[PDB]
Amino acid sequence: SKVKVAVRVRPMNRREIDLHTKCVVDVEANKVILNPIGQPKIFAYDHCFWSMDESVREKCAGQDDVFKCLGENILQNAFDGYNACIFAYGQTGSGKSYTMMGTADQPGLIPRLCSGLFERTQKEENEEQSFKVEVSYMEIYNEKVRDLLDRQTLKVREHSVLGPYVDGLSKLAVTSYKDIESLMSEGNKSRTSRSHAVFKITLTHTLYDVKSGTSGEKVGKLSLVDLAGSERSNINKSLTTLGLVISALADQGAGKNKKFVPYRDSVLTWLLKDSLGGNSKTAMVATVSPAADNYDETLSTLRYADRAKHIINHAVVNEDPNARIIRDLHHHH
């Protein structure tokens, strides 16, 4: 199916109100309207998120709104055995980290996803099924991969059956929200700006046919990606190549060229090869600032978001034969 695209407009901050910077971003349903400072440009997306102001009430509603629309679906995708990915893209200060991680007072997607994950595994585990949860957390800076849960820099390779992976990146089993919160909290403290963070959850769902004792695995993966600022040769390579990737895959999603998609020209696009054009259910959250002083970066974000929704993915359930048979036998009962 198509890459899902959401656009999130952060509200006017105090500086923009104090200095009379004009608000140029309007939203109506799932349409974004960019006004000039010379015709109104209208973009259409799957979802649009916006807030009336920065009050606690509106911010609480905003984070809940994003999770209700994107968080639940990606959680469900992982429980159905899909690789799923949310990546936030946009100018610095537009809301990428606020959306993906949030703050202590305003938790974002990742805290809610981790809470819902363990809520669900602990609710659903029974004689017919169990769940294993493993997390990795890594950062891409200057085309180098650092392990945030810890071999000073790690190499990307791609296996013909396993896909791209980070050689030597720790993958830690977790059994509760507090385990994973403590890991993400220490990863969060180990950052380095123009870097990309990737939070990866692997959900292994073992199904058991109690009559036979046969068992099988269905593996879901969550990739929660908080990219570097889109406004910005090594240090920009991943960001620049993602633009080309999105453009090339978007052309193919229609009928232009037929089109060098340069996945392996950067660490970021190589590790996201499946997330874009491959075996994944993927959502983009494009974050934009609302006011006149960012009109141009906003337009550029809106445009890449506009192309990204023409990208075609081919997601399959990642399960062994026993898991598929045992699962179907359970859906029949």
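Numbering follows the first chain given and starts at 1. Here, rigid core means the biggest group of C-alpha atoms that superpose within 1.5 Å across both forms. First, how it differs from the form deposited in another entry.
- Fit the rigid core and compare the CA positions between the two forms: of 243, 163, 187, 107, just 163 moves by 2 angstroms or more.
- In the core-superposed comparison between the two forms, residue 322 has its Cα shifted by at least 2 Å.
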The other form holds:
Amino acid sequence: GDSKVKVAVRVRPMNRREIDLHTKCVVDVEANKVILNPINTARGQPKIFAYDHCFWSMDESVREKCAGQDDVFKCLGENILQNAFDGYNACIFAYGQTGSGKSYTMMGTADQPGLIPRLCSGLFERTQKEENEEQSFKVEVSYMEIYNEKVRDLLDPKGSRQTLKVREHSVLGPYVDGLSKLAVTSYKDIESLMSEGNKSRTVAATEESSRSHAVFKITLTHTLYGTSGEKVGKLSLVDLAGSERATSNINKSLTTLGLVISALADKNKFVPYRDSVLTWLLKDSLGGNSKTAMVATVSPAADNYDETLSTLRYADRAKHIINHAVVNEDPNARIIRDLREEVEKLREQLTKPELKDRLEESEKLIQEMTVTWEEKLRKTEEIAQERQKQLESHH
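Follow the form deposited in one PDB entry with the form deposited in another entry, if you could.
The following holds one chain only.
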């Protein structure tokens, strides 16, 4: 192919509990190597893994955390940002057990912002820095959640817990029908949409559920100007569910993800993309048209050994997957062209069942992606002010 899926392993520092209760540290880092030591030093031998990148921290001090997040972004964030500005599809997904540091890496906290806020900030910084009257940038965003093979729109002002149907089109592929793609023009729009989205996650029986997947997506459309050309880069930041074992199809997407990774590691006929919602929607990110990075977060202490190992192993396979990313030039024109063509052919065959409203679907897709930019702005605005009025009757 062209490029291999790049793999980084992030080892979170020993927390207060692990130090107080004298839980033994079994994971240590040697440059780009991850060494997993046995728990009771018969096959108690140190296991050594090698990856593209390895992050670690000496303690939980604010200095080391700031340095940590900075390191992670400098190593992975700016690269995929550059990919976005080069018209490439790019993706970063966090894999690991609950409490290893997936969300802390992807989203981070208020004092320790993760990959996503830095990515958005840097994105709008660069766009605002480069935009001429010959160069223009259009930025869209979406945030979805996948729980129990059901998709929810996290950017919907009304967290109605209503599932959105996942449908397939012949020329478009897998898509979430009804998902919000909101036009944004600054970091704060994204910030409010994200703060609202992050408090709309699926609750557990007790504390957000660790069984849900979170997919954040940025679309960057660059136009160069007596005619104009266009490139589109799509970033996909994914915070997966906890990889640990069970303590129906609640773990379908995770297991299927494992199977997909394993299959690719060894025309997608026997790669089970379709066996789950997650692998189906993120099919192009794994062995497809995308620059893909995996961040495997692991816990350092012995009490998580078998999990850590597992994670490591999966990571070790992920670096064998080969993607083939290309620059997406004027994809919208091609898509609407193929869509209208298909509409006409469906119109012709219709004059001779499953084609009755397939054309309806195609026309719907056409009309929805021919929506003017201004109306998208107005949409995002009314959504925003409805969020501003939903806290009015609640105050």
